[PDB]
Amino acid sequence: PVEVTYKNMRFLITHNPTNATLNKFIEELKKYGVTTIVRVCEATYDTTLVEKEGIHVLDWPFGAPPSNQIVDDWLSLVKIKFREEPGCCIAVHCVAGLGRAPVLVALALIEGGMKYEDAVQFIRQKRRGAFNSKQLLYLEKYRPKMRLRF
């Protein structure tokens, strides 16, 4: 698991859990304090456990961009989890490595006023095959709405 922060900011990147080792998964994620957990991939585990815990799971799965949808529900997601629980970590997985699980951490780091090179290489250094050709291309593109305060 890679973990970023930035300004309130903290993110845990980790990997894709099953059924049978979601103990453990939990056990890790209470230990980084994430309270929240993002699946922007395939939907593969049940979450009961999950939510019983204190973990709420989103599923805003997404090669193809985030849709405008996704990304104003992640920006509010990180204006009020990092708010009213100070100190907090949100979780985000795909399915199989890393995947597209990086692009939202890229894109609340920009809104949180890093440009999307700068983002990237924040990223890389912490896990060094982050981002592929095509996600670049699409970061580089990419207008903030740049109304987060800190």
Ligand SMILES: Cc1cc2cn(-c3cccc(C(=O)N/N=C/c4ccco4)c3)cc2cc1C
The other form holds:
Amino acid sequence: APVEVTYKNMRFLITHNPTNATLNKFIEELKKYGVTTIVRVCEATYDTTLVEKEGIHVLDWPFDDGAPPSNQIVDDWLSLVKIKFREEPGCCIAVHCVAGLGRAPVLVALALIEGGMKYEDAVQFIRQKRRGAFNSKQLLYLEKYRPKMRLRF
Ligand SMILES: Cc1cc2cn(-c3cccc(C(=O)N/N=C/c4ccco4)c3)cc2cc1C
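I would like to compare: after the form solved without the named molecule, may I see the structure of the form deposited with the named molecule bound?
All chains and molecules follow, beginning with the one already shown.
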């Protein structure tokens, strides 16, 4: 389920998980939204060689099962956001697991919070665009989440 999220000057795309045989359609869906980077939060699957060749960099930072992202992944994710939108204004960052496990959306949620949103509003903003956005462990994480590096001053 391709779902797009725009807040301030940030844009994110929560995609499905393609297979090697459907990568050409996937790449053109990404380009459609001007996606220039992809973060895989679940065990690797399709081969990235082809995607990269098309100008889309793939980042593999899996969570351990449905557990909240590690501090290392949260740090790198927030850094990616900060650098990508500052070096490529207007671009889009894609993130995905399998379009239903409620893992990928947390990353978008965290970006919204650091961007100024209340975790409550960040969750409703996403939940309204798609179901199964956050598993139980995920929601609790966001509830107790305190900003580590705000986006835009
Ligand atoms: C309650 C609620 C309020 C929302 C307000 N916007 C929204 C939409 C479009 C633009 C901006 C915005 O501030 N521009 N950024 C500017 C900027 C300058 C530098 C960096 O960024 C904000 C999405 C929302 C979603 C919800 C759910």
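By rigid core we mean the largest C-alpha set that fits within 1.5 Å across both forms. Numbering follows the first chain given and starts at 1.
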C-alpha displacement of 2 Å or more between these two forms on the rigid core, among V95, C88, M114, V57: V95
Under a superposition restricted to the rigid core, does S133 display a Cα displacement of 2 angstroms or more between these two forms? yes
